[PDB]
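*Asks:* These are the residues of each chain, in order.
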Amino acid sequence: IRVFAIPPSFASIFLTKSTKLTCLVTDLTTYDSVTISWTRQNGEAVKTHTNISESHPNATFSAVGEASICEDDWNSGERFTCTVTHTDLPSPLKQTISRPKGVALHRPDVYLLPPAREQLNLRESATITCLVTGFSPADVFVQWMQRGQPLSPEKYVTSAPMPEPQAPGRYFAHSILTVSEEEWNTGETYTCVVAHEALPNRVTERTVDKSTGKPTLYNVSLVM
Amino acid sequence: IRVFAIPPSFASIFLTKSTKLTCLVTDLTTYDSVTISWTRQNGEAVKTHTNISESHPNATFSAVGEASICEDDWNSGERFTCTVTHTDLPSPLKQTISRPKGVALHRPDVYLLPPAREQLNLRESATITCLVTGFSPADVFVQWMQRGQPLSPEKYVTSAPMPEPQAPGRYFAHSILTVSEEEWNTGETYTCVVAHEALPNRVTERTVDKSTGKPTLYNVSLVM
Amino acid sequence: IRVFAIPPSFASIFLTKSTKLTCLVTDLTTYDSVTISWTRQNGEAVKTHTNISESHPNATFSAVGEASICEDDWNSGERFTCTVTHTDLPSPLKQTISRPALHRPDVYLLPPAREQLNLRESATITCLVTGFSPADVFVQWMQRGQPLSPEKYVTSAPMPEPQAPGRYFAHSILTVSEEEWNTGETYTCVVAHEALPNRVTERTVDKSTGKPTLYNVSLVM
Ligand SMILES: *[C@@H]1O[C@H](CO)[C@@H](O)[C@H](O)[C@H]1NC(C)=O
Ligand SMILES: *[C@@H]1O[C@H](CO)[C@@H](O)[C@H](O)[C@H]1NC(C)=O
Ligand SMILES: *[C@@H]1O[C@H](CO)[C@@H](O)[C@H](O)[C@H]1NC(C)=O
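As you go down the protein sequences, you meet chains A, B and C in turn. Under my numbering, the first residue of the first sequence carries the number 523, and numbering increases by one thereafter. Under my numbering, the first residue of the second sequence carries the number 523, and numbering increases by one thereafter. Under my numbering, the first residue of the third sequence carries the number 315, and numbering increases by one thereafter.
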């Protein structure tokens, strides 16, 4: 029996365009009347639970509570009082969380690197790395789209934020995309979109194809 | 009684990151008791109508009722009703506005044209046109960014959307950025950003400089 | 009421050139005069422990049981037991620990982008390690045979490969100045992994690596 308070990441709120606070109560006994109400410091939130998780392998139940809350309330700093009520707990427990404040804002520097020539020579799989560095407060959402069409989330993996060596305040993040050689050889202008607080547009785009390496001012070829 | 309910346009919701809805009364007594109330389907109370407009010299009544509302509920299509009653007319006037439904969403196609050679020859100024076409609905926000920071609102002018001739539902929009010729010679990489509903991130980016638009002038062939 | 020990990882093995044992006791309340001993699956003697701490208020006995053991004992798979005969429980408790598919890692070095170099405040060289199993790699950076300081370069934790769940990838960067890049430097990235037959691989990139080194085409105003 434990109660968790989960602040939604900017990765979560940007994906669905909604700040969805979520409270997990884990390892509760499988009893009846599983109800999760909602309050705040004012007391006007209303929503119930949806699709409570089944019994975990350690032989106990669990419940999840999620609600829709506006973006401006999330930016205001109000402590949202997520309350969970159950019969096993003699007293219902409520959780109050809010955004951290006072953190500096540093604009991300999204630089896109083409796959290495040695990797291209092997002709099995080519990897394109999106470098997102020099951004705070180190909460980013990086996704890949092809010709304006988003790709499957399984195709790409985004690394967790890590501290920058030179800059202590700024933290970087990484994401790689695996592509076939024939797709890269033809060139579909793969682009990287990065979402962050510090960006004035809050979204930035950088693209690369096979013809980026050529300076496009001269066309020199070697034929035997 | 005449009340003008101005819906929050996409430019308004995107510039301030907070949707602002205003219903403004028009052409009544210069100053008397008035009650403005935003009403949903549930009839719940709303934020107070701050900054009521002062009486105009031409004896035309005007009251600006602004409030902060849920961003997601506005896009959900549920209708917002401004209830205005006045001492002059006992019957209240109900004005209801919402985001229109039954409208197709078409992804904007952003084409960014370099300045003409004839204009660059006179060297008095350079105009860069940001062409956005095939976007629905009519609302759109266009602003200009130079090397990461936005331009002044006076510097750039965005034309009103007009119906596209080929596609009746789709529309097109224009925005010019007149700059001095010597700035274009430096190739400082002007960037055009646009905001619209249909884009996957709701915003997309295009860039132009002196290097872009230059073909391969030199096919230097080294063949043995 | 359990015992936990830190397994020797190939990075830690390669740093000290030997397998070292670290048994940080967890989930056991700190009492006076506790008994902790190192034994194998069969239980012969060990060397004396070193650098143990006092009682820990956080209910986790944060004193390390240090012992240096041969490499063949670790890679043979026979278990190691951190036997902790605690005061509260007369029955001794031990934790069996050992190594748990091997794929040769492929190391590819990506030169810094021109956008990074044009701005000139810094240059980042990325070391992409892919297709290694298990997740035990130590990415280190070499410059003309001189090992760079650990603070310059940082390596992310290995993540499962999207193409193959068995495969893992690790990615590391080196933060240098633009002058250090446009001036001739080797900047070798060396990667050590168990699955490598040589146990060590490295790649080198230069400013002229991108150039074909057949035609030096230049633009002059
Ligand atoms: C540029 O050079 C490549 C090298 O083979 C060649 O395939 C391509 O056709 C050239 N571009 C043009 C426009 O001819
Ligand atoms: C450039 O030269 C190459 C020589 O191999 C030729 O194949 C190509 O068609 C040329 N491109 C143009 C645009 O003339
Ligand atoms: C051509 O070679 C010279 C060697 O002195 C070098 O400095 C120069 O950078 C080379 N050209 C290019 C385009 O790299």
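The set of hints was computed from the structure by calculation and includes no laboratory data. Keep in mind that the hints are not guaranteed to be accurate.
[As the list claims (entries may be wrong)] Every beta carbon over 10 angstroms from chain A, so not counted as near; a handful from chain C, in silico:
| id | residue |
| --- | --- |
| 1 | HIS417 |
| 2 | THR440 |
| 3 | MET456 |
| 4 | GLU465 |
| 5 | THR489 |
| 6 | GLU508 |
[Said to hold, decoys possible] Calculated pairs, DSS-like style, for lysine-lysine (alpha carbon to alpha carbon, straight line, at most 27 angstroms):
| id | chain 1 | residue 1 | chain 2 | residue 2 |
| --- | --- | --- | --- | --- |
| 7 | A | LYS539 | B | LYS616 |
| 8 | B | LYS736 | A | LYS569 |
| 9 | A | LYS542 | B | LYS569 |
| 10 | A | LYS542 | B | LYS732 |
| 11 | B | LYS736 | A | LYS732 |
| 12 | A | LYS732 | B | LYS732 |
| 13 | A | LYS736 | C | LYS361 |
| 14 | C | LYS361 | B | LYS732 |
| 15 | C | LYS521 | A | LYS732 |
| 16 | C | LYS525 | A | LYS732 |
| 17 | A | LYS569 | B | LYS732 |
| 18 | A | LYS736 | B | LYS736 |
| 19 | B | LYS539 | A | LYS539 |
Ideal placement from N, C-alpha and C gives every residue a C-beta, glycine not left out.
*Asks:* So, against the hints stated earlier in the document, which numbers end up violated here?
*Replies:* Those not satisfied are hints 2, 4, 5, 7, 8, 10, 13, 14, 17.
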